[PDB]
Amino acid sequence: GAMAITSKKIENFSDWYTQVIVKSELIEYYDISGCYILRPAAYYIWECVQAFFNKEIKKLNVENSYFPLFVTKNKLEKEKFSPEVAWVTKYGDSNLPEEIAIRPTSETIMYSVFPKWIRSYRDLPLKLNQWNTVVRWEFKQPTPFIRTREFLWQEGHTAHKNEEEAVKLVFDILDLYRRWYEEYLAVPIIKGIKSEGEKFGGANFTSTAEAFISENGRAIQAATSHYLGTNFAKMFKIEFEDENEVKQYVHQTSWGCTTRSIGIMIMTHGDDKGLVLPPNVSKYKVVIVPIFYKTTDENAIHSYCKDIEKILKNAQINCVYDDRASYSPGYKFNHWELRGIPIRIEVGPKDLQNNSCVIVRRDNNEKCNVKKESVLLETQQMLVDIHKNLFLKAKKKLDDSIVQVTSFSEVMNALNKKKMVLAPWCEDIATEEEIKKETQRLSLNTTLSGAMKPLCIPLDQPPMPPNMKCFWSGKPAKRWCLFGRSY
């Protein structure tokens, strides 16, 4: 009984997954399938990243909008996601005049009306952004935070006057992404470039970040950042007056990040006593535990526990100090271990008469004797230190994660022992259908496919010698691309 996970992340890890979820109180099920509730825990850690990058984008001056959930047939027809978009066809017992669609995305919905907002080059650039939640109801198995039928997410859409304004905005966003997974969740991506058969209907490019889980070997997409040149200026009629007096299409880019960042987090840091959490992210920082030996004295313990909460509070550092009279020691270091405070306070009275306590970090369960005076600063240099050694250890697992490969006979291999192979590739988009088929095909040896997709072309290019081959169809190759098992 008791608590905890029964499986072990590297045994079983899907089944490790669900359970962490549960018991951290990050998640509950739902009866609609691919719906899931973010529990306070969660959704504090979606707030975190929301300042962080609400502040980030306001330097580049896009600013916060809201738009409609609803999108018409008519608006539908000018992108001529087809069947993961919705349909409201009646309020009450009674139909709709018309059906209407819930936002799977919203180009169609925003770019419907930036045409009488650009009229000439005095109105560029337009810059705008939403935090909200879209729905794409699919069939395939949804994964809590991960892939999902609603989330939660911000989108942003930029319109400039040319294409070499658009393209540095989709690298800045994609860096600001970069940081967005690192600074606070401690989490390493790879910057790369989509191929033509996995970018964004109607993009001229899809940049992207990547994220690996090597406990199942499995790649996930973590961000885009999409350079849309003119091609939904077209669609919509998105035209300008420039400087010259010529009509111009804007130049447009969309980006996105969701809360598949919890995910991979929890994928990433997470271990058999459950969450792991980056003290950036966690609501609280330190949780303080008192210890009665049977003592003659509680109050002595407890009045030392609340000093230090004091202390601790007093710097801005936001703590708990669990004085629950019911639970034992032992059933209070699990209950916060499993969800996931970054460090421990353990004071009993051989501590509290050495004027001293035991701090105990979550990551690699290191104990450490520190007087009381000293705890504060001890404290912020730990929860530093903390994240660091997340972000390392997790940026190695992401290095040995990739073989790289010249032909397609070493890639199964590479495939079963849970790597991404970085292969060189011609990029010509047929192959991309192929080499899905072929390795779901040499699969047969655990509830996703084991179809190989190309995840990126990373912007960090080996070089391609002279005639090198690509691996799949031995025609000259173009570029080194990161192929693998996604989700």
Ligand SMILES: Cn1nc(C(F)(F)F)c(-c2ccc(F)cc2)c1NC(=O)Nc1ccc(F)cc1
Given for the second form:
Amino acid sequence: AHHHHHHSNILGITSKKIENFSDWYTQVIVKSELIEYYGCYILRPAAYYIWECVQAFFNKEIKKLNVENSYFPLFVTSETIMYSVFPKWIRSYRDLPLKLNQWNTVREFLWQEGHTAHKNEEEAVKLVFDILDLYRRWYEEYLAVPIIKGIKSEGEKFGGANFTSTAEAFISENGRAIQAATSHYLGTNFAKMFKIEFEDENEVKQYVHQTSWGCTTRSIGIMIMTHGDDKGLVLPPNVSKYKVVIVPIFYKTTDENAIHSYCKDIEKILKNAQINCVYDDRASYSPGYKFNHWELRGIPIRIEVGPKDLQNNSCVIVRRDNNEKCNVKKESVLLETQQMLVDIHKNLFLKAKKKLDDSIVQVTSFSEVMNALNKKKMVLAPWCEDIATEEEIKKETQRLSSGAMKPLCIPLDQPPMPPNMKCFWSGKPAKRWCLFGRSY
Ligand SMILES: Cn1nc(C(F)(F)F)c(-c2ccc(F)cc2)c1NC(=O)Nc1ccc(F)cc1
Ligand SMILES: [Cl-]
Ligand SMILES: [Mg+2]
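Having seen the form deposited without the ligand, could you now give me the structure of the form deposited with the ligand bound?
Everything in the complex follows now, all chains and molecules, and the chain you saw is the first one.
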């Protein structure tokens, strides 16, 4: 029977995140046991657990908004056959609002999409932004990922939408923006197509006002790209099944019982407090092997117990995000573990938010744009918002370079627009600031 002292190089991540991002990413998602390639792939329990966590959150919150889950099995190329059925369900204002959500399966295999119909515009638009903030919370509170809320340009919004609001994320390592979630105000467009009308409170016939919104497992990919490091997966505590791994350290059989017993004590303390954890008591693997093994898998906290800790009635607690270590007295393990899990999430989010902030360069002229893109940034630019310019900006940025930059979103949070500020592209008067970047 073989003892494994050293976790071999090949079993760890062999590509650095900064030097080979694409290979780094595929190594992390497979070697961390998130997915298994069969170009389709399987969501193993560690991946599905993340989805199930954000699913539970989102379900709870949309039910407070009276959204009802449902399942519509018929799709067309991808969109759900649905709106043509709405006239069968809506005749008067008493039938409104209609609020539906579906959890679907099908490069991303799972997603959520919601659809609503309202008696007026203001209700529909309120819901669009309520859902958009729920997506902010999905990303921030669970995935520790910062996003930017905004409105898509006319050229990039959904064709059937009056406007498309979006949550935008940014992958700093390769300078790529990514649409993180979307929430559309569809106006009366589909109501006119399918005669989705109702008798209002004044006995006047009206069209319904619709919304739709969705988010996919892309969210998990964004999270991994954000927090992952050269040791592998890094998980916000809220989406890791095990919060803590306990690793026994001993080399003499005379220490085995006391170390094992003490580790079980700590395991009991945590699990009794509803903090799930794993005690890795495998005899065939060294402590050092186990350190690497569980870092690769993204466990937020490691607790080490060796003979020194027995003698000091302590233990060593190591954080996955920054590898900082501290000695903790046994009776303090529960509280310090609770506080550390909170601090790990806060640190993950704040570090990511700083990187997002530093990824945005405010420009006023197109001459500043290429320098920005090559530093893997996106730009915030004053823009006339003329739809014709969108393809012109893309084509030119492609030329001066998949290389092109496109309008990402017009952020809800707008800096002041100086009185005479011109469009960075057309020279025409600028209207608002818009984010532009290379994208997925
Ligand atoms: C397969 N794949 N390949 C890529 C790419 F190669 F393009 F990066 C991406 C991708 C990820 C994030 C992005 F912002 C863009 C693309 C993805 N998707 C992905 O891994 N999803 C996923 C991850 C973990 C999980 F538990 C469930 C689902
Ligand atoms: Cl339809
Ligand atoms: Mg559907």
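We call the rigid core whatever largest set of C-alpha positions still superposes within 1.5 Å between the two forms. Residue numbers count along the first chain shown, from 1.
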Of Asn389, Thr230, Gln248, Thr295, the residue whose C-alpha shifts by 2 Å or more between these two forms, after superposition on the rigid core, is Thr295
